[PDB]
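Presented below, as structure tokens, is a lone chain in the form deposited in one PDB entry.
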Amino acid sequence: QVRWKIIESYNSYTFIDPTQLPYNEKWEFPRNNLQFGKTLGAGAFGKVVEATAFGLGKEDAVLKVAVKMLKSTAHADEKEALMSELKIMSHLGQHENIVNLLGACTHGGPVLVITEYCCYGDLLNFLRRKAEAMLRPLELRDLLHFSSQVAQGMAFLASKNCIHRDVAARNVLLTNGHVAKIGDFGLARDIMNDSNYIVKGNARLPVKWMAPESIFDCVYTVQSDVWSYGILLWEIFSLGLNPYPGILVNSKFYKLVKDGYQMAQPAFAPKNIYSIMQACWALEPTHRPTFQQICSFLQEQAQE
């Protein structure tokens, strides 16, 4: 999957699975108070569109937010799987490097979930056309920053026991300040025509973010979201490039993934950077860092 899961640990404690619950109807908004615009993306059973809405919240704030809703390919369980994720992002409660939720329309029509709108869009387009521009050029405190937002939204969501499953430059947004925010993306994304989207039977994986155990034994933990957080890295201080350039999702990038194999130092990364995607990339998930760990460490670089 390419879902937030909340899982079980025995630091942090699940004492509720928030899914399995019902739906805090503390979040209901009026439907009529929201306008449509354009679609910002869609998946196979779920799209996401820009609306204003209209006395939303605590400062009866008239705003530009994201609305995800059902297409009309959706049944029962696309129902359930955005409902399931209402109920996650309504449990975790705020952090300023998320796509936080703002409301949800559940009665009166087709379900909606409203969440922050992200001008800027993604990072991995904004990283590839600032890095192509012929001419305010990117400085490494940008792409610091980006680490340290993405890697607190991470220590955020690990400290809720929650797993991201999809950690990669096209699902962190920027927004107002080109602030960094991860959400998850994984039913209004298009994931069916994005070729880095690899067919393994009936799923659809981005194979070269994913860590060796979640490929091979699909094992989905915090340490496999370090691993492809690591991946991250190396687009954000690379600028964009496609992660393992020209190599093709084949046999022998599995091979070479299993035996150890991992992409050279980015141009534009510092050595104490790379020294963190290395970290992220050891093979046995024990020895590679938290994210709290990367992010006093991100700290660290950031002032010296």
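Numbering follows the first chain given and starts at 1. The term rigid core refers to the most C-alpha atoms you can superpose between the two forms while keeping them within 1.5 Å. What changes on going to the form deposited in another entry:
- The only C-alpha among 188, 99, 180, 113 that moves by 2 Å or more between the two forms, given a superposition on the rigid core, is that of 188.
- With the core held fixed, residue 44 shows a CA shift of 2 Å or greater between the two forms.
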The other form holds:
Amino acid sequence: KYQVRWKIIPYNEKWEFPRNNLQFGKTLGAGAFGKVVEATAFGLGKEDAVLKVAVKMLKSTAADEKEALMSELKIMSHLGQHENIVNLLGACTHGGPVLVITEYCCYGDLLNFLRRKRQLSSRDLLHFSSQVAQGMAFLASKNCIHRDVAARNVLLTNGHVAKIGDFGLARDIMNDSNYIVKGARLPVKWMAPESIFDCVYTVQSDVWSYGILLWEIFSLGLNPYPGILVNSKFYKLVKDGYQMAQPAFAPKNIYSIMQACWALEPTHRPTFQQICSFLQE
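Now that we've seen the form deposited in one PDB entry, could you pull up the form deposited in another entry?
Below: the lone chain, stripped of partners and molecules.
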């Protein structure tokens, strides 16, 4: 079943948009459950201009799936907008299958960007980290838990500005080694301890994951816990306080951030607003 995991701790027709003003383009990414393509929206917004957007849609398998896409539409529509989230822009719930229109981020996902860049400056890596912390500060102010914070789940748009989102619809998580077949598909290398043992998720759980994400950014995109398998010995490791060593490109204070994010006690971790402030230095 398709499903996003943004959890807050029905539809406003003001978002509706005619699909006849929606001109499909190239497929950006396809999972088994649906796909996201790029398009052009004529008359979408106050400006009634032409903006290039991205449309999430399901395949042909229905209908508790259609329902999931709707629920995602409603959550996004409630959280409100923010300069560092991939924003809802509109939708098509009539005259055909549900289309969820969102912002198009031209430079693609952060992880790939980092990897074909192994030129960036350390000031760029700082901009990415800060921008994402600001998007995450926003989510938690809305009492929203992301539950899948990772570099793959950050996009870069104009001016290489970072926007966080959930893009599980457009890739194959069922066949992705970073997501474990526990049953649910869980990104265990990014998950805080309490999420792995007590199935507890909170805003501070996200902070942990943002720590691992920091590590991805300043290691220019290595897989976390390099050469270490997900299994019983692994759970004992992170439970016992094991932490990844400082990335080559990380400054000393940035690695301070990660270590704080990886506090074993959830309440010892910094909040996203605290993080945002130390990042602006």
